[PDB]
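Take these sequences, add in the hints, and give me the full structure.
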Amino acid sequence: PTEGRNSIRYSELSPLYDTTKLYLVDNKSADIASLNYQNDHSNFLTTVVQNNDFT
Amino acid sequence: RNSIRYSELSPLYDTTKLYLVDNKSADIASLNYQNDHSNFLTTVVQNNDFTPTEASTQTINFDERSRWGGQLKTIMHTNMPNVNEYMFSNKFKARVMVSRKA
Amino acid sequence: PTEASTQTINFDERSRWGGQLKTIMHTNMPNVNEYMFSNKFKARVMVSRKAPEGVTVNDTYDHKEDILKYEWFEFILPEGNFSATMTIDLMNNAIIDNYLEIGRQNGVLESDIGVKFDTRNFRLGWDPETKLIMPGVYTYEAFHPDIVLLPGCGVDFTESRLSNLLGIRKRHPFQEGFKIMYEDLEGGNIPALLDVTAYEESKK
Amino acid sequence: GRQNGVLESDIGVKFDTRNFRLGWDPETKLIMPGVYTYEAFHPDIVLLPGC
Amino acid sequence: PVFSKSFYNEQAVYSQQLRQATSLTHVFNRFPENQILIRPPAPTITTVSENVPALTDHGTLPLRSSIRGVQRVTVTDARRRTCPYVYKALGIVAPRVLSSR
Amino acid sequence: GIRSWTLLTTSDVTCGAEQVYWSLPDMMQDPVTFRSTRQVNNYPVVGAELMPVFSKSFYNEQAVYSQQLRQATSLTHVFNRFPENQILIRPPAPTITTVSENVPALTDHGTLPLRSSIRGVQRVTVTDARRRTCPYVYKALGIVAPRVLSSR
Amino acid sequence: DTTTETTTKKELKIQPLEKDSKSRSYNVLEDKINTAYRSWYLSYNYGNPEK
Ligand SMILES: [Ca+2]
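Chains as they are written, first to last, in our numbering: chain C, 1 to 55; chain H, 1001 to 1102; chain U, 2001 to 2204; chain F, 3001 to 3051; chain X, 4001 to 4101; chain S, 5001 to 5152; chain B, 6001 to 6051.
By construction, these hints were calculated from the structure, which means they are not laboratory data.
Each statement offered as a hint is correct.
Listing some non-contacts, in silico: residues in chain F with all C-beta distances to chain U over 12 angstroms:
| no. | residue |
| --- | --- |
| 1 | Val-3006 |
| 2 | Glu-3008 |
| 3 | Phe-3015 |
| 4 | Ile-3045 |
Computed list of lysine to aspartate or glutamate pairs in EDC-like fashion (alpha-carbon distance at most 20 angstroms, straight line):
| no. | chain 1 | residue 1 | chain 2 | residue 2 |
| --- | --- | --- | --- | --- |
| 5 | F | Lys-3029 | B | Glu-6011 |
| 6 | U | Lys-2069 | U | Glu-2183 |
| 7 | B | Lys-6019 | F | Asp-3010 |
| 8 | U | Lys-2040 | U | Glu-2074 |
| 9 | H | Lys-1024 | S | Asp-5128 |
| 10 | U | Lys-2050 | U | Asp-2112 |
| 11 | F | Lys-3014 | B | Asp-6020 |
| 12 | F | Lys-3029 | U | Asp-2097 |
| 13 | U | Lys-2170 | U | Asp-2156 |
| 14 | F | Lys-3029 | B | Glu-6018 |
| 15 | H | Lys-1024 | U | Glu-2176 |
Don't be surprised by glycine CBs; every beta carbon is placed ideally from N, CA and C.
Given below as structure tokens:
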């Protein structure tokens, strides 16, 4: 009647679970530009999403 | 039920399109010095972080515990000259006079 | 719109789904826009003529025949969309529209234009025996675009599509050895043509 | 226009198709055949000053 | 994608009045007098092989359950071979479900 | 000579029937393999069909006429500066003229899986094969009817 | 000869027609190679890069 276990997948590894790292940088190249004219290095902010297809 | 997720939408199910091009830019380069447009080959993986080749390997994975199929629509154009030779709108036989005397 | 933007159309669940997207679209493309590269193209013409530093007599006719010069050019067209031919001439103009400027000013003769797109079956009016064109005319008939060349001069399309217009296309359409030089058109030299009048006078 | 010293000369707004300049030449920097070679190319609007 | 269009050759009678006014000969009419050998009349209607592009649906088909990132496609001609007058050919296909194990 | 180096084909005024990828994308779950992004050029394609640019053809009656005007001796167009050099003569006109002309196109792309929430403002984008903006694009109305499938 | 009396030639023409027969002006301009008659086409297609 149509119920499913229809699963389109491929490489791009299952947004995975169980623990991963979280890189928290501050001198990553775009960040500066867009967010830290603000201030220094005592505080700043940083994208944590490491995807390059994003401002 | 530990689930690290985020945007990059769940490699989704239920039906999607499959774009089958042939003049996508890298393809040419790497695979079609070969031949023309009657056949060629094309990466179907639309990710730009991949040389057709490498891609080639990876797999689009239609799934299971139930097989299936697809609806293949298709676009195509051609430039045929009514009298090409390949379609034999070129040759022909017949016999004429070639000599006369007494 | 803005405020709206925020709010949400909420397709629901406990069952996902999709839609059937039909769609309407119109466009105004001028057959020869530049964006589709139905605008540019390369080819090289004669640009200089002389003889090494001394003007005439023994080679007064032959001197003219001793030094030629060639250069590659990317010439363009006036966007629009034109009749099969129209297009041609446009180039077959702008090709000239180059000569004029440099040919005249450097001993180049219209004679040696060297690059002229055109349709016609030069050779149709042939004959076996004369090995020429008996009616003193490349019998004026349209057959299919064609490009005539002189020596050295050529034509590269690599950077353009008009090619596909000239109904002439590479056989391995996926590389670039694609340019056309006097050299390649082997055997395809025009026949030459014949002298009518003379043939006639001496008809008795 | 008539009624106020305006000349047909200075109409100043004339839609039209044609490639004025085609009959050009480099050197004269003009149109050698004394004619904007009468050919349809694509609508175009010609203007005078101010108009 | 090779079909035929048709038009009405207006050059119907015109020629009847040019070789009747006495003028040059085309390699086509070397015999402007031998009723027999005369460049056949032109027809009222000319026809022209012209190709259009074609968009078609072929149906829906069962496909393997794994596709290599590089599918190869091929248009075969009735005598099953490569036809090179083939311009550009974009096929797209939407999988869909059916059956179950 | 070249019969091998190349091939003889017909005259395309369209000169290059191109395709174009349609892609609105804050609606469709994005087909397989496309990565999500917001870089106008990628944009996950929802559907594609080729240009609304096709070709019509007609029979140029001006076939012979010209043979009898420059034969009656008269003015020269920048097109025929060489009314005598058989070679340099404004090529014959063809029996059949062709004209790039665009029509509008109505197309169905299929049915697709879409997110379960749409922002009041969907953005749509028609991409050209070399994935970019084509501005000869007139007006383009896409409509789409969601519909159900599956279940959780 | 209006051309052998000036070497003592080819000048003959720099004169860009000024006005048409019915005497309507062509508002040529100075320089005599440009009539202040501007047209959409040209500009776009023929002359202005990106400005
Ligand atoms: Ca008619």
